[PDB]
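Protein chains: 2
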Amino acid sequence: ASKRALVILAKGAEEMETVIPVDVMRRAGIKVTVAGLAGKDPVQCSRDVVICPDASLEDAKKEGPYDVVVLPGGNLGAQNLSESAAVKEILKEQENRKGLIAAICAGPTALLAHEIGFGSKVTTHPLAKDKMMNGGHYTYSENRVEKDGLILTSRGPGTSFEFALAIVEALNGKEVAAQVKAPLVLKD
Amino acid sequence: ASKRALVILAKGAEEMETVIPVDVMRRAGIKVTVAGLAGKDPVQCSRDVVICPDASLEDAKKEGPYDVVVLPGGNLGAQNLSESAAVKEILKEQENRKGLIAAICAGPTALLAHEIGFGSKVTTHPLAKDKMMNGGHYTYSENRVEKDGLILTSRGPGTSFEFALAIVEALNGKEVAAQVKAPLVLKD
Numbered sequence: 001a002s003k004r005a006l007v008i009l010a011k012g013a014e015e016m017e018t019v020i021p022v023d024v025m026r027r028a029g030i031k032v033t034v035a036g037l038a039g040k041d042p043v044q045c046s047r048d049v050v051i052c053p054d055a056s057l058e059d060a061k062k063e064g065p066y067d068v069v070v071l072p073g074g075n076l077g078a079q080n081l082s083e084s085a086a087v088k089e090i091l092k093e094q095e096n097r098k099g100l101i102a103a104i105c106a107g108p109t110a111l112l113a114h115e116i117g118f119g120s121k122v123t124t125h126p127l128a129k130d131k132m133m134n135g136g137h138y139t140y141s142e143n144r145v146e147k148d149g150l151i152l153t154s155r156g157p158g159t160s161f162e163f164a165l166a167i168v169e170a171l172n173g174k175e176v177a178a179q180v181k182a183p184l185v186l187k188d
Numbered sequence: 001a002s003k004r005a006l007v008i009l010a011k012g013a014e015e016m017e018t019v020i021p022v023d024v025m026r027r028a029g030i031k032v033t034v035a036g037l038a039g040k041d042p043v044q045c046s047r048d049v050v051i052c053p054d055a056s057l058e059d060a061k062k063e064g065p066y067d068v069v070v071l072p073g074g075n076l077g078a079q080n081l082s083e084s085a086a087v088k089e090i091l092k093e094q095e096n097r098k099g100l101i102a103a104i105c106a107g108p109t110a111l112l113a114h115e116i117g118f119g120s121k122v123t124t125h126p127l128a129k130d131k132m133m134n135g136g137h138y139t140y141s142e143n144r145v146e147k148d149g150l151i152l153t154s155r156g157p158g159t160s161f162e163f164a165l166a167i168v169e170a171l172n173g174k175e176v177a178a179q180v181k182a183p184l185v186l187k188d
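For the protein sequence lines, the chains are A and B, in the order given.
Reminder that position 129 of the first sequence reads as 129 in my numbering, one-by-one numbering, no gaps.
Reminder that position 42 of the second sequence reads as 42 in my numbering, one-by-one numbering, no gaps.
Treat the hints with caution; some may be incorrect.
The list cannot tell twin chains apart, which means a pair is met if one copy fits it or any two copies do.
Calculated cross-link-like contacts (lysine-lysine; reagent style BS3-like; alpha-carbon spacing at most 30 Å) [as the list claims (entries may be wrong)]:
no. : residue 1 : residue 2
1   : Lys11     : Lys31
2   : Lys11     : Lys40
3   : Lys181    : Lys131
4   : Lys11     : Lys121
5   : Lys121    : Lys98
6   : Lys92     : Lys11
Calculated directly from the structure, the hints in this document are not laboratory data.
Just need the whole structure built from these sequences, with the hints factored in.
Below is the structure:
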């Protein structure tokens with residue numbers, strides 16, 4: 001009865017956008033798998049924090065399905081996610097089964113690369129807007145967190161707590177998200 | 001001419017309170033060493049994120065001195081910091097040379113254990129107040145970030161951005177901290 005989240009971790013990912021959702025989701029009792037895009041080896045993130053994944057993506061894919069698939073940002077991380085055929089397959093399967101897809105900062109540009117959720121309202125980091133809007137396939141939003149059906153997006157490292165709590169609310173409800181929020185000492 | 005920060009990483013540390021200051025300090029051009037208390041092996045943090053340190057604390061101690069020594073929180077991480085004689089020696093040396101000491105959440109309780117900065121105004125996580133105030137050796141504050149001379153403290157995972165930017169302002173000035181802040185998309 002426990003919900004399950006997949007976080008896909010590529011070289012160049014933004015380490016704050018990776019660790020904040022993982023930690024907050026585990027506070028909410030969600031079972032999180034941090035899966036390395038390239039294998040099980042440690043991943044060097046954008047500001048040189050090195051994180052050890054829980055599993056390779058090839059192995060984690062076999063233990064699906066997941067209630068949410070989470071794509072962190074970081075410019076080079078998102079470019080690696082965008083080029084990966086394994087990511088394409090996971091996202092197409094998630095969209096087909098009507099599961100949640102959550103992406104932050106540069107991360108949503110991988111939705112465009114893999115043709116996911118066309119017609120949705122999305123947000124990104126301000127510096128990633130032009131890339132996301134190439135072709136006009138989404139409608140752009142400047143909200144800090146945006147949710148349109150099964151696509152949940154957010155803007156940057158500084159929106160990572162709000163993004164993670166939105167995932168918790170979507171999967172476990174408003175009361176659990178409020179309970180998890182209180183000991184964090186967030187401003188608003 | 002580059003400033004240098006030491007971040008001491010123990011089993012049980014709060015991984016958000018570790019990664020946010022490391023990332024933000026590196027954005028500001030500070031040279032950061034993440035040093036493992038127990039050696040160079042990967043460290044399992046409080047919510048099971050596993051981080052690989054840059055160095056063991058024994059080796060990093062030899063490459064001092066540092067412009068700031070940073071103590072993350074997490075209850076079990078702070079207890080490990082509090083029991084360590086190597087930490088005691090680093091903090092006493094930093095206090096003697098009038099370098100900055102920065103600690104967040106449960107982290108300041110290691111200052112009490114090692115008799116650092118008695119007489120200062122400090123804050124902690126609300127759940128750590130009674131432990132920090134045993135004996136009356138500090139004056140308590142509920143500000144989100146508190147700075148009294150060379151002791152800089154802050155309250156919890158949700159104050160980690162404000163805490164890291166205060167370190168940047170203390171070492172590199174207000175203009176650099178404002179420049180680093182803008183692309184993060186912080187609310188306030």
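Here's how the hints hold up against the structure:
1. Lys11 <-> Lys31: For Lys11 and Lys31, the Cα distance is within 30 Å both inside one copy (23 Å) and across copies (21 Å).
2. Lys11 <-> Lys40: both (12 Å within a copy, 21 Å between copies)
3. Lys181 <-> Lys131: Only across copies: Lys181 and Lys131 sit 23 Å apart there, 33 Å inside one copy, limit 30 Å.
4. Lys11 <-> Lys121: within (28 Å within a copy, 41 Å between copies)
5. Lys121 <-> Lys98: within (17 Å within a copy, 52 Å between copies)
6. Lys92 <-> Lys11: within (22 Å within a copy, 38 Å between copies)
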